[PDB]
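Novice: So the chains spell out like this:
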Amino acid sequence: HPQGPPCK
Amino acid sequence: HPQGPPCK
Amino acid sequence: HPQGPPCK
Amino acid sequence: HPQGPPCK
Amino acid sequence: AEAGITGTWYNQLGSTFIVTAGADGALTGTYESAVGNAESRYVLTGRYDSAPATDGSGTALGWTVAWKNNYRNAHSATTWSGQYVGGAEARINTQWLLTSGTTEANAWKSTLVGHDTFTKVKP
Amino acid sequence: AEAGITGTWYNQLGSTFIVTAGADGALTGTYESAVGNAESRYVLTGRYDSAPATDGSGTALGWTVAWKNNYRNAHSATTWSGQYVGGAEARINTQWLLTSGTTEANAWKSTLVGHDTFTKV
Amino acid sequence: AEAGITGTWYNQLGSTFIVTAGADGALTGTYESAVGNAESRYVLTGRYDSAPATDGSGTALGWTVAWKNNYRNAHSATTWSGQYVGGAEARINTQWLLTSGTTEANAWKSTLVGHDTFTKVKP
Amino acid sequence: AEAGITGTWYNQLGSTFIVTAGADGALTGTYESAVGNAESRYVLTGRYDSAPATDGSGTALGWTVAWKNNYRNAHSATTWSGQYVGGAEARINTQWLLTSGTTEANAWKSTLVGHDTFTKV
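Chains as they are written, first to last, in the working numbering: chain A, 1 to 8; chain B, 1 to 8; chain C, 1 to 8; chain D, 1 to 8; chain E, 1 to 123; chain F, 1 to 121; chain G, 1 to 123; chain H, 1 to 121.
Don't read these hints as lab results, they were simulated from the structure.
Distance condition first, Cα-Cα at most 25 Å in a straight line; then the derived PhoX-like pairs of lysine-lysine:
{"#": "1", "chain 1": "G", "residue 1": "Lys109", "chain 2": "F", "residue 2": "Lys120"}
{"#": "2", "chain 1": "E", "residue 1": "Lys109", "chain 2": "H", "residue 2": "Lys109"}
{"#": "3", "chain 1": "E", "residue 1": "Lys109", "chain 2": "H", "residue 2": "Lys120"}
Here are the in silico distance ranges between beta carbons for each label pair:
{"#": "4", "chain 1": "E", "residue 1": "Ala90", "chain 2": "G", "residue 2": "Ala53", "range": "37 to 47 Å"}
{"#": "5", "chain 1": "H", "residue 1": "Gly56", "chain 2": "F", "residue 2": "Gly87", "range": "36 to 46 Å"}
{"#": "6", "chain 1": "H", "residue 1": "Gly14", "chain 2": "G", "residue 2": "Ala23", "range": "30 to 40 Å"}
{"#": "7", "chain 1": "G", "residue 1": "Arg72", "chain 2": "F", "residue 2": "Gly56", "range": "42 to 52 Å"}
Negatives, chain G to chain A, calculated, CB over 12 Å:
{"#": "8", "residue": "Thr8"}
{"#": "9", "residue": "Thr20"}
{"#": "10", "residue": "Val35"}
{"#": "11", "residue": "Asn37"}
{"#": "12", "residue": "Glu39"}
{"#": "13", "residue": "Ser50"}
{"#": "14", "residue": "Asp55"}
{"#": "15", "residue": "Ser57"}
{"#": "16", "residue": "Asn73"}
{"#": "17", "residue": "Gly86"}
{"#": "18", "residue": "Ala90"}
{"#": "19", "residue": "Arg91"}
{"#": "20", "residue": "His115"}
{"#": "21", "residue": "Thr119"}
From the three backbone atoms N, C-alpha and C, an ideal C-beta is built for every residue, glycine too.
Whole structure, please, built from the sequences with the hints as guidance.
Specialist: Written out as structure tokens, the structure reads:
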């Protein structure tokens, strides 16, 4: 989701 | 409050 | 999840 | 309310 | 779909929501308090997701109303987050957060939570 | 202070929020997500209360972001409700509701709730 | 009043709540998932405020269910906060928070919010 | 770690929470309010999930406090829902719902929502 932190 | 019902 | 309705 | 901070 | 959302809606407390959904995902309109004459109208702005899914899924949307107009200022704002579900009996089911401006000390109790369901009445 | 809401804010997750507060209560801007990215930007619109009380209270406001742009559509929308506190360390303290478009059967777990504190650092 | 709350209740999703209110403000019982055999029972504990007001006000209460039993473990817990309203048609209106155990990174989306209304069926 | 939930916790408002976690999921204890006071203590009861997952996840739990004791009755109750994370700096991160007993007419604004982070410091 764009609301969360990076997926990195 | 304008978000609640009419008063008494 | 046990808090929701029966499955399909 | 007892849940809030002190009234001090 | 924009049309479906556009129109007049009422909720179970008796308040009025008049909204127009524009093709770019915007929501603009007015919100009126439950019964109570004409000057109980406030401006609202929001957004909806203009390309929902096929299926029988709802369209997510949300809007905000700051409770100040030329007659009153309740120093608070409410945001409604929910889904539009169309059909012959279209509904907008929401959960809302009402936050009041407080001092430091009462910040802990500045927010109320509830839920409202709106029924469409006119286009 | 009043139009101190205008500017660039950051939250603890790394998201950036850029807003313009109008003199009559409007809030307009862009919310950009993870990595900074390029089109991790979404439009946001809201309202704030342009005549807050004069007891050191914060300014009530809120805004919405529909998670769709010309590159992505996450079929959801988030609304943040909170208050702005200005000063040397201005902050916007919020609680938010993220609702996803679901089918009836999944409607009971359509909404997440959380809280974010935004600052200009 | 303890009696009024004690009994079996169901909500609109079809789940079962069996509770006993003790004179000291305690709440103990079992919660069952919507339809679904016998092993869909979980333990619940809560508290209610045993001396509400006269008036036609509700009795505040709340309870918790951690979703683990001998058959399943959904690594989550839900808390319901609401009011008991008695009468011939007694109801318990609540708002709930369902929190799942997540790693650091998904903590932001660990909690769901909703609302349920329970109807009493048996004592 | 498992019964690391047992102990005395403090939140940012100054409230103290003393709990005992049982091996089967129970949470029992006392919640004391402002000033420390003497009978600012209220009973709390809850549950936690005694077999959390093995991906570094926190432990889901929740508890309730009815704001009545032999000296005060605030006709309300609060439920905290969250998770426990242990380690060098253990914390219990929560969101809570405070409902007051109201009459029908005031039922729409019966519930407040907030968040608290508790630590052992």
